[PDB]
Amino acid sequence: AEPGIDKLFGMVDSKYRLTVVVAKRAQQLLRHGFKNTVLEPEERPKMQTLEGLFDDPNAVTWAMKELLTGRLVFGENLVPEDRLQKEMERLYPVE
Amino acid sequence: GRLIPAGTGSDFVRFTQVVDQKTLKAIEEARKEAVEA
Amino acid sequence: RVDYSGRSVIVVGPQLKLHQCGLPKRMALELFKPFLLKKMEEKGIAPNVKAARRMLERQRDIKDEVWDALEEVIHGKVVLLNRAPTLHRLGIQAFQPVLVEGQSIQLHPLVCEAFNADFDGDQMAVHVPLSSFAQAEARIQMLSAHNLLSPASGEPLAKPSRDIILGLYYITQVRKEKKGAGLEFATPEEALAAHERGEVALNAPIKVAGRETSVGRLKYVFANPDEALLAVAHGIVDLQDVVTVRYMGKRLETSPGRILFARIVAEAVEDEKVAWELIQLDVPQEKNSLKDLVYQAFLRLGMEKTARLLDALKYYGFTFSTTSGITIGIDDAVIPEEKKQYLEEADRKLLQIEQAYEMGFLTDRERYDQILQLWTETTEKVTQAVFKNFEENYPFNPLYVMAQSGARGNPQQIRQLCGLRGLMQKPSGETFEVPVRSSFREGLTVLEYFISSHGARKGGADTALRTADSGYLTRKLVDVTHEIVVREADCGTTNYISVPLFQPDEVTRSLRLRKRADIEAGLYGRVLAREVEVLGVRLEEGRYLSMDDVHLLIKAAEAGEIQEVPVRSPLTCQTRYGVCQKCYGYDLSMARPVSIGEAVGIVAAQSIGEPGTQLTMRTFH
Amino acid sequence: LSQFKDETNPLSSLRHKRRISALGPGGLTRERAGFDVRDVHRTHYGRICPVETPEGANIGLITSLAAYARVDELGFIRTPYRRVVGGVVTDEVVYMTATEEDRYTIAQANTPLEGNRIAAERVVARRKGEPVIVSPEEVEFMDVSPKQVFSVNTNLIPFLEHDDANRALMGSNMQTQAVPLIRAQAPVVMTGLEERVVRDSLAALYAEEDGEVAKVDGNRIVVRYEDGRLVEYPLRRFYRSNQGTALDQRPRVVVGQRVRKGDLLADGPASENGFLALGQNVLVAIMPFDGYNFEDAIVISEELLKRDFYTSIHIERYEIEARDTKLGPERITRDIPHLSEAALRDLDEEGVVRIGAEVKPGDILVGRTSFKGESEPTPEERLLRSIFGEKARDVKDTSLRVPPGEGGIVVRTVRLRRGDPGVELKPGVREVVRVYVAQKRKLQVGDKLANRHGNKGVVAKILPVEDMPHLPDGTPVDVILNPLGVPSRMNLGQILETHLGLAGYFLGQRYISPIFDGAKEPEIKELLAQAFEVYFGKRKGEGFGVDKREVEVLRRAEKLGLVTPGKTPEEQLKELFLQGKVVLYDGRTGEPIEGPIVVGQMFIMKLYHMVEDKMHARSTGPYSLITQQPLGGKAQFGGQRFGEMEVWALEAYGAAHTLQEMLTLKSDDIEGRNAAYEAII
Amino acid sequence: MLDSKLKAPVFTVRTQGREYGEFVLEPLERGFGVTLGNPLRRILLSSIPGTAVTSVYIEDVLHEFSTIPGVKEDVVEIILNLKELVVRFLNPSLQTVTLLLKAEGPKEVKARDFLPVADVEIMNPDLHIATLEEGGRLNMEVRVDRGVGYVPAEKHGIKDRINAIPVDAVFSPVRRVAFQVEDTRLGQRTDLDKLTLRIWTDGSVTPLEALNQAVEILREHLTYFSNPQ
Amino acid sequence: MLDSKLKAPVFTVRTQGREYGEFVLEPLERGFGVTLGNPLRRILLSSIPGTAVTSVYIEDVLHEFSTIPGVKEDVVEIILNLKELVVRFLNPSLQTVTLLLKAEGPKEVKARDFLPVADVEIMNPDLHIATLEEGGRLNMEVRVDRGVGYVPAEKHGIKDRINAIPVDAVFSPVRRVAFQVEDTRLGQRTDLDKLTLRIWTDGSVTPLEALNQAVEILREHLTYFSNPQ
Ligand SMILES: [Mg+2]
Ligand SMILES: [Zn+2]
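Chains as they are written, first to last, in the deposited numbering: chain Y, 2 to 96; chain S, 1469 to 1505; chain V, 622 to 1242; chain B, 391 to 1071; chain W, 1 to 229; chain C, 1 to 229.
Don't take each hint at face value.
Interface residues of chain S toward chain V, partial, derived using beta-carbon atoms under 10 Å [to be verified]:
id, residue
1, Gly-1469
2, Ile-1472
3, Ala-1474
4, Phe-1480
5, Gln-1485
6, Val-1487
7, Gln-1489
8, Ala-1502
9, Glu-1504
10, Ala-1505
Since the hints were made in silico from the structure, they are not lab data. Where is the CB? At the ideal position from N, CA and C, for every residue including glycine.
Can you make the complete structure from the sequences, with help from the hints?
Here's what the structure looks like:
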């Protein structure tokens, strides 16, 4: 199947929450730029024509791999709706 | 052709958000700036 | 009609994993055309978008670099597949495409059950999730390997089908051969020696009804696990033979095959001791033993870990199936001699009924109704006859193992080849007076055929008319039930239903335990309305009762401590449009509590519409 | 009532030539009622097959008639029956109406007979629709033949007798879908009507009276009768069948040859030698492979493709009209206005494509030209044209190209200008241009083959002759059929054919097992006995005995109960063989397959590929004018329907967006699908 | 040598032509004949190379589905007959040889009617190409090549003459392999494997030659286990 | 080299001890991984020589089913434990070596309690032979030999001492072989064989060493096809 799916399911209160989180996370992973991730370091996304998944294959496979770590935070009302898109634009550049 | 009332279309999860600790600090730096003069 | 779709003939993809499915590259191409176009541009293959388009307008103009591109685009994306009548949610599952050459679409064997699909030409359609969200849901909650347990019953649907069982079975069943002289090893030391040499001779088999150890156990003892199979490889012991082996702790008298099965699972999931806990190597492994294996593996080890074992079983089953050399042969359908006697016995028994009528004793009718019960009994007699034959003389008959294995075979079917199929009904419904004495093995004659034909069409026409009504039943059930959805917080209205464990009138009035299955149907994954102290354990209030708990309550009622059970149910929910977590229960496709937001309404409506196609339909009212 | 002839193959057309439908005038039987009509009635005997009806909604209402069943002057299916006078049977056959048949006590042909005598005291007969055990003194009439009970189409089945009437239907209908193979073979085992099917049908070309052969062209056999006269008999070389199957008459008689009155001069589309032939007899092992034959999959040996065994020629006519528009006639020329001459190569004759040209998807089959926009097309694009290079020829490229899916080689073309022959062109129609194209369809994994019994299935894998199951003597099996498909369904007849076949292979002979009187288990075990000597006899003389493997499998055979313990391996294998199964080694390991496995000459045909077969796949494409939903077109495939049942499937899951997608971006969201595409891009 | 090494596989051969060749090898320890015979068989059928008709050119015919007058056999039958034609060249210098043939009138055309070529030999002389009645024209150019395996006419595609038509490639020289492992008796220990594999060949190459190539492909493959990583 | 020869079997290894060792080798043309893996396996289990306990002698015990007092473990368990004992001699001169051991009283007997032998080494020292409480007699003579494959105690039969009991022969240092043939992708042609065979070993020899021996036994055997007759 797909990496720690159970581990993932366990993080959320609802199944359908783990779908919303990953989907929205993948959204922004493209929009603000792709390096928005929190895990470029030692071991991260990879593909083999050459190992280059490091740039833009599957957004969603990333989101999950990050969410499986404890860096992201998904709340019902975490950060004010419009003001986020503004500060994310400011900090994450190749749009 | 509207979103389904049931599923992800749940009002329970329609609205959800994700943030990196990096943007966490950024958003309240915005709040710190709220201090006038 | 959807914009990114496509359909072709499907074909079994044995090596393929649950996870994936083989999709024709040629199809992937115009399927993922726009997605390819830009990665074309992202790499030197083409300067741009319109360039890339004309670059692919023809077939001969494709550089093999393009495939490399397409394959790269499809890296972690998944498509949806859909069979002919979509009857339940699983009638559409998601998988990872593994581009392949040719026209046909490679489908995994295990999911062939979910979509009723055989490979006689059934074609499956395929769609593509375009938004990042659409794919998110598609592979998280709609991929195949994530939905292993049925929404109808908390019983596995990824159950080793026709071949896999057949295989996994043959490897684990033990054999028995000849009792000529004494079978007493249990006590004499002269018995171990004498019957060890006598076995060396031609009188005692390696497999003999000796109660503690047949000389087969006497001769061979294997220290380490591997040791056992090596001897097998060298032609010392066959897999189905009875020998003695040493595991983690005690000397276990178990055959080679059964010991190998152990490893297969033990390896599938490495938690070797957790592998031994949930398996029964004490028996040949039927579809049920496996179905159970899957289930508990699903509850104990985890979803994906389960998927693994599934393909693991799939692979060895298929393999060992090929080697076993099981094959149908005219001589394999064995006709019991007993047939001639049971026939001849009911034969004269008919003469008497005619001798009775010829006198004036029995009414026109009485004769008829008496002759029919003559056959209906005689026929059922030959049927236990044939099986007993196989049971005692040919444990490994080809025809028979498929039937006794979760694999292909029906008791009333075997009867038409080895025994005989005899009573066929007239056009109207009044069965025929004369039976069909022949079997399929021997010439079903000219007439007996015609006679049987009548009942054929009524069934064929029945399937066609119910086939559309299974659609009838569903529409009506979804029209009423669609709005119903799990939206909640434990609805506070505690009004509950009590599930009976005993039935009144089968016989006038005697109280008795309801059917195991039925009871499971009533309490599985339910939420206890009020606490119940039963056999020693204190079932907590609101606790979701696992299958294991519904197994305790039954043993308890067996003992005599409970006759009903307090459980929250949709029948009594407060939430006007909707149903809550506590009132629904467990069964999401997952065996955990129901997740808020599941479209229960439909999930229900479907589970009742599909089976519907199996129920007889003569006239509505 | 009148419909396209179905000539997938002759047998077919024959059937469609004589099938009695319910539905029609409307006065007789509309579809509303049916269950009483749909069922088989006691009278349907010898009058209508009980097997031929169509699987599906329309069942029991549409059906072909029986073997001898014939319409007396006014439409009452009656049939032939002999006259048995006392305990004496006769040849005077009475074509008896349906009604008169009830007045007499009729008997079945299966009744032991010496010539004119009836041989057993209690012997079956049937008064009126009801089976009755009558005495030789009451037998007034007897059945002509078991054959008159069913239809032609069914009578072609070997041991119909051992097959469940339900899946024998499948067998009957399957032959109706048999595709003519360049290499046609008759069945190793036939019923007996193959011969008269091709003759009553008009497949092969027979000889009027006796004589000798003058010329034997690939296109004509001018025979010369002994009457002092000679006639030229043309042969429909390669003709298109309404459905697209090849109908070629290919000679079978050499120059200067004796001709029997009524002897095959040329064979029909599918006849080998006057015999009906569809599909080819192939040696088959009946066991389980990896999963390659899991529910109903067929594993095939590459070796079958090496030989030109399952191969069939196809042909399709592409047409295009030169239309008369008020904007200017659609010229049909070699001129293709906008980009390359590389495409014009095969457009040899100016305009049409050259014969013998290899046309692949997307090549110009024909070219035509129409005008677009009114005088001033694009204000922006007119600028671009002035800029980069003013090459102004305002005509549009509307040219018949090869639709996706495929074409082959062009074999014939027809160009009917406005109308001077004796052809009337439709109004507006300036001229028509057809282009017949043909192609070879090799056997491949997508294809579907099925024996006459009913075993239907699709090729899942083409294995290298290198590793599939091979017999002791190096001859390997061509196709590996999965046992499991035999118990559920009930047609042992296929397992009986395979057996009789095994004999026919080593005995180099073919047989004819009638419908219910044919071969009988002892006679077949007998032929196998003769076979054992050709298979193992030569083995003795050639120099060698039995393998370690061969003995090993015998060990797992006696422990099984197929061989009488104590006998010798050469005697044990004979036993084993008589049972129809022989020892087989893996091929991919050399080791043997624990336990004997049956193998033999089973006849298997290949089925016709519908226009569906064409694996559709669509990205983006046309849309409908009023309802804007994806629409199948000339150079783009057309979308798949997402129906209610499929909606609920997703509804059931939490697929919220995926379902929204299916209803918006992918099908109806006009602005959606556009911004969708671009975004993806 | 005298004891363990002199007791060595006695390679014995029995070859009667280029088509059949038996090969016995007899003391082999335990389950070795199998270990040997099987791989060799697998090699013997897939890896050995040979010759096959790769292209054809009838001078007045344009497509493969054409019927030629005076000729009883249609192009599809003839091109088929050619597939069964077996040729043999003697050296690498001969990669692609074009055989030529033209027969007019009343004679039955056979494979030997092809004009001889220096280093090429036709083992299939009496094969039947066609039957010409009178005014029977037949002028064809058939290309022959040396390759391996099966190659569909659709995969290569010939380019001799624009009106020529490709044909399917039937390359393996080996027709069938068979190997038997029967016990043999050696002084004190009876358990012994005896491998005798029988090879059949179209004639292009010989059983012995085939086998030799076989064993080398195996050896070459066993060397590929040299540089770890 | 660059095209067909540089595209050569990339022999990759993953060995993490002397017991387990993976071996991958891809691209292999068609159905070759199988043609290779199968024989090698067959060799890996039968041909590679080793050492196993072939005979035992307890001084007061007469039959194998005897129970010895003071000793918690019955003869059948101990003779079983001995099958798990792995020894290694350094040279041919050592065909049959008899290891000796006697322990009295309260100590737990282990494989190291065996009196050392000049050219023999016990790799299985801490293995557990038995538990002696007090007045515990234990004087045993265990015969060790070097052979190949599996040999049932019934097939050989001990002749050391009349009261001795034979043991089943655990010889191949290799415990289990496994080879997988999964497809691999190479540019143009997809059909490709990838062979990765996993070898397990008791520790005596190594997976790599085993495999190498294996391949040579095959090669050596391929040469026995040299002198016809
Ligand atoms: Mg089907
Ligand atoms: Zn509630």
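Hint check:
no., hint, in the structure
1, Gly-1469, "violated (13 Å)"
2, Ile-1472, "holds (8 Å)"
3, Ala-1474, "holds (4 Å)"
4, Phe-1480, "holds (6 Å)"
5, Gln-1485, "violated (14 Å)"
6, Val-1487, "violated (18 Å)"
7, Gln-1489, "violated (23 Å)"
8, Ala-1502, "violated (34 Å)"
9, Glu-1504, "violated (41 Å)"
10, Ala-1505, "violated (44 Å)"
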